[PDB]
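Residues per chain, in single letters:
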Amino acid sequence: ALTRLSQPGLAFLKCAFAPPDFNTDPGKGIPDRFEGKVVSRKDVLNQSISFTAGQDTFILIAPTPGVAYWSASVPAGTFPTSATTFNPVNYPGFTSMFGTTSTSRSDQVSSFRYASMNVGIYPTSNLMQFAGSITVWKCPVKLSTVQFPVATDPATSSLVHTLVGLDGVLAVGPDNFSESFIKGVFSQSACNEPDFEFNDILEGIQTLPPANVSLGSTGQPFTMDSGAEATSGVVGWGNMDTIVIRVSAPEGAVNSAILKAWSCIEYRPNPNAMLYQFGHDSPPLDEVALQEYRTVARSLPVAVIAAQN
Amino acid sequence: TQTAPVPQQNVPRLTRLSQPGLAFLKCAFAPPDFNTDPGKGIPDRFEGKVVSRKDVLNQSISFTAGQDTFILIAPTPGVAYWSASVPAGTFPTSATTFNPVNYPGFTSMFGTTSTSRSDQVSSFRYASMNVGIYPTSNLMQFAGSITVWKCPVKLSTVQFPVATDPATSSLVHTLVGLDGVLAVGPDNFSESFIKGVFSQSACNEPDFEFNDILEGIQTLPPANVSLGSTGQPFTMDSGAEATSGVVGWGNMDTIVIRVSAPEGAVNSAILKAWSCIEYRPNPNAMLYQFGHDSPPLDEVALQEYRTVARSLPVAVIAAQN
Amino acid sequence: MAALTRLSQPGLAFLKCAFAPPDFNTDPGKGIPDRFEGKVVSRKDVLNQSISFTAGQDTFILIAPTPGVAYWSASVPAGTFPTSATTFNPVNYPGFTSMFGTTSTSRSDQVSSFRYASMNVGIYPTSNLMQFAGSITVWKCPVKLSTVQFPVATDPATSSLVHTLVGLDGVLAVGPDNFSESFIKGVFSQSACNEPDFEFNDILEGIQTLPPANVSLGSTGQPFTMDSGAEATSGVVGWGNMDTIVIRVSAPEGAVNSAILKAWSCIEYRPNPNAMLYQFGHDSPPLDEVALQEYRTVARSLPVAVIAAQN
Amino acid sequence: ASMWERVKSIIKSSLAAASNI
Amino acid sequence: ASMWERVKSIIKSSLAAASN
Amino acid sequence: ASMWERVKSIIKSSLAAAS
RNA sequence: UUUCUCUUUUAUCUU
Ligand SMILES: [Ca+2]
Ligand SMILES: [Ca+2]
Ligand SMILES: [Ca+2]
Ligand SMILES: [Ca+2]
Ligand SMILES: [Cl-]
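Residue numbers (the working numbering), protein chains in the order written: chain X, 233 to 541; chain Z, 837 to 1157; chain W, 217 to 527; chain V, -10 to 10; chain Y, 10 to 29; chain D, 30 to 48.
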């Protein structure tokens, strides 16, 4: 029955929903009509992470190229507030792809499309010390814009990037996975569009809201700060819903784990980049794979415990 | 003849419609014909979480005699239509400003601040946009016409320099395609006002991609920008941020209706506006518990949609809505 | 055969305007055979230009998805590539102004949006065997029109957001996938949709240069500059979804390289009801699965470019 | 439904002109 | 049921229920 | 060979693995 | 774009 899928169509499905179940080469690209030259970046992160007791740590797996996730901790029982700032944890090689200044992001690649985005949390604490839970839900966060006037001379109108839908992080979504911390979790996101469109690499974005822009004039409930341009940045926003994970560690809890993140991304390489050497045509259309992708995604649970990744 | 060729390397070598698909075609082309909104979502590839809102507006309205009133059914979520009137025989000028009439519950969906627009939903996509005008005037008091045509209005951007200190460059939203309102489109419906009218728009893109919610827009041209800078033929002013605003611009052509009341004409009617929209709910919204998944791809429906849309007349009299 | 008969008429024509335009008495082109069947105006732009290349210099030509403009060029010192000191100037298809007006803010007066079907180019040497010298190298770049965000210390302090061409850096090196041959053999090349589907792009208003006025090249990330010149003669009215064809014509000191340059563009525009242009419109052709598939296949199966003797 | 019937007519008119393989 | 297993069954189950 | 012929070949070669 | 064998040599899918 799985023979009705093309070789790539099948590989595609694997990178998409179960990258941890395979030893290597999960996918060769997206089996959609597009067959232009691309480079399949297999992003994988292995981050050891300890959650501070009395704090509810929030992790966001966003479709931001090169950056595995963003996080911030808040007092137990609370959510991110205007006072919160999320900080990123990069995938190995961020600068090897996006440079060291906020304006050299499109040097290697010019655009991209996410094929998969998965995350797993594997508890490493003992059974007598942990406590708390892991809660997961997904938010339709998009990168839009905000229009406002500034009293400069002459008076002018500003237009800047702004993240819409972040408000979804301020409450546990009705569709969610919630279970004991010790059981860990595995979850994946899916394309939030009727198809896989390419998005452009974005230059100069180091923070949202931007420098010289006040939160609140943006509408965002909190801040995204990538930090030093020489180490990280927001080079784009893919069409995938954001995975929100809330690990709540009670006072006295000793919760630690190993976090793993996977991202299959098709990048359009520039001829002057060495990355181009590894390009190839995106796989041909595989109507069956594209249809099963949608079915499988809709059929799976929000998340599953670690042991079932 | 004695020049060796340069080596070249790396050279290439009887199906029927689903329930949601049928319902999709009903919300799309004939909403007044059903006891209930038949709509259920867009039967395209996408099957993620959405909330289907069926917006309907009932507006009793009177047209100023000696005026040519212009109504714009645009893909602006929450806002039924935009209106403005000019002296009979003329079209909107730079001196003109359109004002929005909200669908019921605008604030419940988009807040009361120009930066609260994406608090409930983050993005959207139109499934349908219909409009109808039902004359209520007696036979001897009315006079005039109703004319309809459709415009490919898109929300683009304009780039111009500003002599601030230091010198700066501005980039702001700007509606392209508005110039199409300054003349009656060759493809149009035109008939006695009393006969009323019913018309519908359709996706102006090869597919139903999601558009994002836009924060801060209250006017176009925006504050501190001259109409000259934008290239727009006129102005769109949504007014008080606590009552309305421009939360987004969908992928549907804009319906332009021009009601012509000559001098001494008593032209009264009821205007209805339908709008089937699929929104992406925010987990925190109270709106979310009403959500479901967009319906599965239904090839037949997606092709019938395009065929039907192309086969229908620009508009029809109210008697055949 | 039973391969070219499964295609709808428009589908067949689509494949032709797309891959081999010189081969016809008339452009078969009639629109894109995809789901979209709304009102459009199909325009097949063709540029014919006798051109003579500057000896001792490498001339760079860019066939970009910029409506109304055939190509952008700039010449640099032999053996070098465009630098921050370089500026490209657009060469327009006939009737630019009748399509996009004469001021940077009247670009959306006739049409509001567009989408490319094809974009081809050809160079036909006209030099004799005693005067030509040099080479023609072609490769393609995935150049897109994005944006850059940066702070400006005005009073009060503010944040700017402006257009930036992303992936322009690809022009500074001849990628491993290229066509390279003696000038005398000429060349023919085409570009294809760099997206999985043919979506419409909006007409852009007010763009005369990139980086725009009052913005330093440095803050945009672009490796060089794009200057359309007088708003009354040219400008960038949009950026389509086709990859950019880069061509490097290198002429040695003392060589006479003359040629005829041709450029084709099959574009589908959304006409404005008020435009005079509209009376020429029709509905975009209906979906033709076969054609949409052959397109993709043929596209990735064709070489970067071929010598002129075969177009 | 002089509009829904107009649509049903178009649907069967094309679903029939394309069912004669 | 590893994720892949859970997925394969959904596919086979889908491809089968669609052969009716 | 011609360009339309080079293309007419790629169409009939791939439409050969389709039937 | 052209024709097969042969070993390749990986790579999935099935017991
Ligand atoms: Ca908000
Ligand atoms: Ca799309
Ligand atoms: Ca204008
Ligand atoms: Ca750069
Ligand atoms: Cl000439």
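To be clear, the hints were calculated from the coordinates, so they are not data collected in a lab. All C-beta atoms, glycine included, are put in the ideal place defined by N, C-alpha and C. Some clues are possibly wrong.
[Said to hold, decoys possible] Partner residues aside, some chain Z positions facing chain W, computed with beta carbon under 10 Å: (1) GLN845; (2) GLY941; (3) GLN995; (4) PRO1002; (5) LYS1031; (6) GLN1139.
Violations among the numbered hints, reported as their numbers in ascending order = 2 and 5
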